[PDB]
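Fit chains C', C'', B, B' and B'' with the ligands to the supplied structure of chain C, relying on the hints for placement.
Okay, here's what each chain looks like letter by letter:
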Amino acid sequence: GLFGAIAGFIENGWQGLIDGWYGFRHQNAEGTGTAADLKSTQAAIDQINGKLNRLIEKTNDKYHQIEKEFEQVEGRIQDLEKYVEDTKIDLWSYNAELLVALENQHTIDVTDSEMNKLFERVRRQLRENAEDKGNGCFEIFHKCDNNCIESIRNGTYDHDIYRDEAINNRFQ
Amino acid sequence: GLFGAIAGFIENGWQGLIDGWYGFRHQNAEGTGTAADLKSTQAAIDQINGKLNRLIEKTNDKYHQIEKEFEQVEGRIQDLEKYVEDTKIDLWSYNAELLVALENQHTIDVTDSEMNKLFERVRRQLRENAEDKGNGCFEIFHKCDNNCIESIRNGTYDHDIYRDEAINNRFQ
Amino acid sequence: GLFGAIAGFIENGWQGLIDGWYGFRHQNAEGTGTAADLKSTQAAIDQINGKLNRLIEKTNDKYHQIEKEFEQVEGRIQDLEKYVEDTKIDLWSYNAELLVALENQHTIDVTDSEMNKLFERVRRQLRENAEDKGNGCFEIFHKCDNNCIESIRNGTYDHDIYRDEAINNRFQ
Amino acid sequence: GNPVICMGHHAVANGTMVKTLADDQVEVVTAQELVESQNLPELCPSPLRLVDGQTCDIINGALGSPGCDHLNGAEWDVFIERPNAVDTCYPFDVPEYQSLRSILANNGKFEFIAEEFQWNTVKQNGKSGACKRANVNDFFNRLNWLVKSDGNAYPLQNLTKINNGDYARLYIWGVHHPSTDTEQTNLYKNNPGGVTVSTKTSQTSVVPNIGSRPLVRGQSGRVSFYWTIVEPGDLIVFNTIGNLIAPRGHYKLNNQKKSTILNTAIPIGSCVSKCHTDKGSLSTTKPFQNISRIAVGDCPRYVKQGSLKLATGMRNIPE
Amino acid sequence: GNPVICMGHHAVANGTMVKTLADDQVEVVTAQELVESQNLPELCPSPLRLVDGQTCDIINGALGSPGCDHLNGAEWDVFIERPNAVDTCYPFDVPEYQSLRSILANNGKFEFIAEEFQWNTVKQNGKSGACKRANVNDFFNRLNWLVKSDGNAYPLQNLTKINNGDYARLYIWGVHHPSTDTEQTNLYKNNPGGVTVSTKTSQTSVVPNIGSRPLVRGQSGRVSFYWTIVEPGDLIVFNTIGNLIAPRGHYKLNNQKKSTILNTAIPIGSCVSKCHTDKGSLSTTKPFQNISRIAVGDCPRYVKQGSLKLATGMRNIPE
Amino acid sequence: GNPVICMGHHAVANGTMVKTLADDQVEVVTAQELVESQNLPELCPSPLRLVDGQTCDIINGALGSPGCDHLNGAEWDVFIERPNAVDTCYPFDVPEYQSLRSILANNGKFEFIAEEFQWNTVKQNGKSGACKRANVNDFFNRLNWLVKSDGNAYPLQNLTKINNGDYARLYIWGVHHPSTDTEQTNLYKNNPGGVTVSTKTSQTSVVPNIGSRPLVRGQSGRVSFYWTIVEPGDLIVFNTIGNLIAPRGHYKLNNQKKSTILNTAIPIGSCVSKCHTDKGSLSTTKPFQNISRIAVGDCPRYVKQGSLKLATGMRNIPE
Ligand SMILES: *[C@@H]1O[C@H](CO)[C@@H](O)[C@H](O)[C@H]1NC(C)=O
Ligand SMILES: *[C@@H]1O[C@H](CO)[C@@H](O)[C@H](O)[C@H]1NC(C)=O
Ligand SMILES: *[C@@H]1O[C@H](CO)[C@@H](O)[C@H](O)[C@H]1NC(C)=O
Ligand SMILES: *[C@@H]1O[C@H](CO)[C@@H](O)[C@H](O)[C@H]1NC(C)=O
Ligand SMILES: *[C@@H]1O[C@H](CO)[C@@H](O)[C@H](O)[C@H]1NC(C)=O
Ligand SMILES: *[C@@H]1O[C@H](CO)[C@@H](O)[C@H](O)[C@H]1NC(C)=O
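Protein chains in written order, with PDB author numbering: chain C, 328 to 499; chain C', 328 to 499; chain C'', 328 to 499; chain B, 5 to 323; chain B', 5 to 323; chain B'', 5 to 323. A prime marks a further copy of an entry chain.
Careful: at least some of the hints might be erroneous.
To be verified - DSS-like mimics (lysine-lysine), calculated; alpha carbons at most 30 angstroms apart, straight line: (1) B'':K23 with C':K366; (2) B'':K290 with C'':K409; (3) C'':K389 with C':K385; (4) B:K290 with B:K256; (5) C':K395 with B':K193; (6) B'':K127 with B'':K256; (7) B':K308 with B'':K127; (8) B':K283 with B':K308; (9) C:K409 with B'':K262; (10) C'':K409 with C':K385; (11) B'':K204 with B:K131; (12) C'':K395 with C':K395; (13) B'':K204 with C'':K389; (14) C:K395 with B:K113; (15) B'':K283 with B':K262; (16) B'':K204 with C:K395; (17) C:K395 with B'':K127; (18) B:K278 with C:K385; (19) B'':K113 with B'':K308; (20) B'':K261 with C'':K385.
Hints in this document: simulated from the structure, not taken from any laboratory.
Here chain C stands alone, though its shape is the one from the complex:
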């Protein structure tokens, strides 16, 4: 994808992440954990279901048309009838081929982007208290217990609480 997160600096996905598309995995002094992120997951799901509904949309309600199968050749008018239907079929087949390729290209970019937005959200919450390790992970330069980790996940983490401790750990 365009952002280089999925199949990029995020080495792989998590088969254990079964209640979300995106999420958090942490390690602290109390242990480890994996939790889904609802907002990013829902943003991706909405955009994809949105494509789906625009796709599985439209009529094609047709009754009296033209003949399309012929026992024996007749000449001029039958040639035209066959050429018209053949032209139609090729044009619609091309539309379908292109549509699915465009949608899929875009779907992959949307999901890659939502992964990147989640990462950037958390980076901005952490401010100077943490450093990007390069693999979609942050090293947190202060003690961060289960409540602290959860405050990061639900966006209530207050970086000024820990800034003095973290700055001192980072640079001395």
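Okay, now just chains C', C'', B, B' and B'' with the ligands, sitting in the frame of chain C:
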């Protein structure tokens, strides 16, 4: 959008910003101000007017065609005539539907991207003298008077002038 | 492009870079050098050749069709024959016009993105040992000889080796 | 400076391959097939009105051939015409066959309104051994075979019907082609025969053609069927000196003709669907189908590809 | 460490809804409608040449019916044919009506070049009460009704025109269908009549058809009109023993036929536009229109949707 | 704190302009042209089977005109028909010309199977001065001109061929149109003549038309050619009292008709290609071509644009 700036980490737009699409809003010891950014605004406008001109482009210069309205049914040839026009109309209606959806999807991504490029431009000018607050705003860790703010907006800000003062404020 | 690297914060390309699409240019105490980056170059080439192969794909294997040139006018059936072919040609010409515009738009965004992924890769390797100068260049805050530069280019650079020296140079 | 928090995404063991602009096989976590490639082995009688012609195609149904009585009064969205249908009457052709069949099918109903034609001197209700009903010699029950009087007379016919109703009328009539000059004189006195049917703005004139045709149900003669449409405020005139296979009335035409015909051997069942192919009904929400270009109703669009997978998930990179 | 600078974008109070691939209602700051759904109540006489047929459709204009004199010499890009047009001459049909009308309209001009046909013995300039000009019995002024001499004679006609000009010629001729055998002999002696018109590579042979048609302007006879095209270096031969409605010359055909015809009741006004629908001219720069599939000139493409908004601005998130 | 590492991309001195959605001239490093706008000055005889009609168009080839012997047994994917082809026999027309030509071309072979028709009393093998072979009066060698016996007799013909083979048969027959009544009686005794050809389910009846046509190779008469298709299990009946231009057998029809015809003056050469336009073969991998809408085989799709450049590289910003 793909970059997560507009309707993303930028919470909302500014109804007061009436002479540009993108801009700066600051607060310092002298007061507050809003100013448009010309370069980013113009880059977005150009790309959109570019779509517009490629769109409002093409001929369709047609004279002698086929009959398309019929008093009474005639059979074979009239069926074909109706089926041909009906096929044409459906294909062009599909083209128009897809075109506008693609263009709009792309237009929203372009404007979101230009917002993000502006933010990243300013981040790079500020170097170590400032920190991302997470809402499209930078906290500047040194006194920055109206001339200083303007030097940021027109890209003449020299970070080495203030680096000693800012580093000391950030980390001690 | 969407990421603002190519024709963005990267001021221009390098005509001297003849064995890759993307690469590194450095300056240290031993001298200067330009080297291609294989991974980013190959990722861009693959995506473009991929478009190419999907494009130069498909049949159009047609034999008995309809007449398309006429000495003199005949009326109803000839009108339909001309209108059918004219309709076909316009629809396929539109497909070709749109296809190339979409592909090119996307190709430019893909190459801009791969440039940005390369830059972000190197930023993440360097951690706190370097600062973004704003032009696609990093200032490295420690002595970095030819072996050190090469370790950055092939991803074996270990930032903890130099962190103490670099932190001290950056902030004191 | 030691706790770590990692941002990531889900994965499964085995995902689905899809195509993009750049790649013809990308694995994603989930995908949705957009081409319907399964059909039901039956046609659904709901919510569209299907009418099964069984042994009568729609031309024979309109003419009133033996075995076609069940189509009297019939109304349809789609006329289901069977490929194993059989001629059971006098051997005929239709000069503009497909056009008559189109008009009949499109109109969507068999509502016949009888009229009495005051034919002069000629004998009516001529029948034939090639058109047995119950056994016993008969004919198309919408047509009237006119032959000469017992006094060996067939005078010029000059008959007029005027349309003061609020609907356009469909009159179906025919012309008989005898095998020999003897057959001609034996039936219609005169030689040659001839028919002229006309409205205010159109007309049709037919000269019978005498000659030996291949034997079909013991007959070497042929009837050629024609039709005339009479708009409200118009009228129709029948002119003949022989060989006219007269109508017994007219079919009603809907102002709005919204129906059609589907030729298939597929049996009508009990399911519910608004999309019918010649292979059977489709029951699907997919936008496309590769089952048949012959499709009627509210259908997916027909395409050549057997599969087109839409990604409904991110790239799958497990571990 | 206390000053702040914020990066942002504009917004308005109320934006416009548009569709994307993913969302059918996204609010953006500005948008542009791409479907033209308004038309002018008039046709623009500029910069295309419109010619108003008024009471004459284009067939009647070509034949030279009463009231059609204003179309003599007429040149057009688009022939404006009115739905309330009226027949004002002898009751006729055209076997390939739409094809003749197409050829006439496409050609784009009524430039008639008279020729003298040296007809033998027969009387010329036959007129009729069904075709009054000024009152006083007349006929199509491009046609010549040939009837028998006062000596009750109608001999075989054998006349030839050769084309040594640099343009293809359009000859329009007709065949008369009498009501009765008496009408036939009263006009052309012989019975049956017959016409054969031929070029080097094509031909047309017509046998008149005698019979009672519905009364139209006091006539039960009909004329059937045909046409022949004579290329440079070709020639045309007229052969008849009766019933020929002869031409008085030929129409000139442009080598390049670029014109057409539009059927509508819309009045011609004074505006300027190069795009015409049957509902009126369009004055627009939009790429699409939902007003009518019947469109002539330099037009937006016709589509089914009533609205398609192109975003010309970013997403609108006010406050 | 002083070493620097810079990330960048390549550039060249002069790149290529391409279009995007937003910009109609963007310079990129490399690009690939998608429209083929060059053709070969020749047609490639490989790998498609081309058959050069040379001086015979395909109708004349089927009839067996003088000079057309080289097309006997010929098999083709594409029949190459030359614009400078010439009629070399009796002047004829074909009522449904384009349909017969389509059927012949589509079928893809000239495999003639002779049959003997036991014609009664009439003289066979009638020839003409308008159809010289070698000099010396001849005719279409697939047709048999029937004329009256030396005893001035032409009796009713009543002949039947039955199809018990495994292929559909194509019978080509004609009807002669004399110039005068004298010409008629001189050739076929009777007046009028007449032909009726019929199968079990179809028929065709023709009345000859006597009249002066333009002189073509010293003839003012015309032959009109018709055709009949006889399915396996069907049979054909010939009925005539004069003017029949009889067949000498039938053409074999492939069950699968996959061939076609291309009209062009372009010479056949020695190159290899599976795509042919009327301007010559294309040798290309490009998806589109602007050379001609008339294209046969495995071809790029035809489009109006002369150039469409696909970017195969990044934006070019040199220095
Ligand atoms: C019979 O024909 C005559 C003319 O031949 C006509 O005047 C009359 O209206 C016709 N009547 C009917 C009932 O068709
Ligand atoms: C439709 O596609 C299926 C596979 O999805 C294939 O098996 C079937 O043959 C196709 N039907 C056609 C080509 O008529
Ligand atoms: C008249 O017809 C004869 C043959 O019947 C022909 O030779 C001659 O050219 C014709 N002349 C004209 C003037 O049509
Ligand atoms: C065209 O669209 C307008 C709305 O933009 C609608 O009111 C009008 O009925 C439409 N015209 C049609 C469907 O012919
Ligand atoms: C000849 O015609 C008669 C009827 O006129 C028919 O019974 C017979 O089958 C025909 N025979 C041939 C050989 O055509
Ligand atoms: C095809 O395009 C070329 C330019 O690429 C142009 O010179 C040529 O005239 C075009 N052929 C046409 C329009 O038939």
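A quick look at each hint next to the structure:
1. B'':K23 with C':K366: Distance ~23 angstroms between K23 (chain B'') and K366 (chain C') Cα, so the pair holds.
2. B'':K290 with C'':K409: Holds - the C-alpha atoms of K409 (chain C'') and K290 (chain B'') are around 26 angstroms apart, at most 30 angstroms.
3. C'':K389 with C':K385: holds, 29 angstroms
4. B:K290 with B:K256: The given pair, whose Cα atoms are some 39 angstroms apart, is violated under the 30 angstroms limit.
5. C':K395 with B':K193: violated, 45 angstroms
6. B'':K127 with B'':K256: Holds: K127 (chain B'') and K256 (chain B'') sit about 27 angstroms apart, inside 30 angstroms.
7. B':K308 with B'':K127: violated, 67 angstroms
8. B':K283 with B':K308: Distance ~16 angstroms between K283 (chain B') and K308 (chain B') Cα, so the pair holds.
9. C:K409 with B'':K262: Within the cut-off at roughly 13 angstroms; holds.
10. C'':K409 with C':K385: Answer holds: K409 (chain C'') to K385 (chain C') is near 21 angstroms, not above 30 angstroms.
11. B'':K204 with B:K131: holds, 21 angstroms
12. C'':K395 with C':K395: holds, 21 angstroms
13. B'':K204 with C'':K389: Violated. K204 (chain B'') to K389 (chain C'') sits at ~35 angstroms, over the 30 angstroms cutoff.
14. C:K395 with B:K113: OK: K395 (chain C) and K113 (chain B) at ~23 angstroms, within 30 angstroms.
15. B'':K283 with B':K262: holds, 25 angstroms
16. B'':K204 with C:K395: At roughly 25 angstroms apart (the allowed maximum being 30 angstroms), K395 (chain C) and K204 (chain B'') satisfy the hint.
17. C:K395 with B'':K127: violated, 46 angstroms
18. B:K278 with C:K385: holds, 14 angstroms
19. B'':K113 with B'':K308: Given pair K113 (chain B''), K308 (chain B'') is violated - Cα atoms ~34 angstroms apart, limit 30 angstroms.
20. B'':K261 with C'':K385: Measuring from Cα to Cα gives roughly 23 angstroms; hence the hint holds.
Comparing the model with each earlier hint shows violations of hints 4, 5, 7, 13, 17, 19; every other hint is respected.
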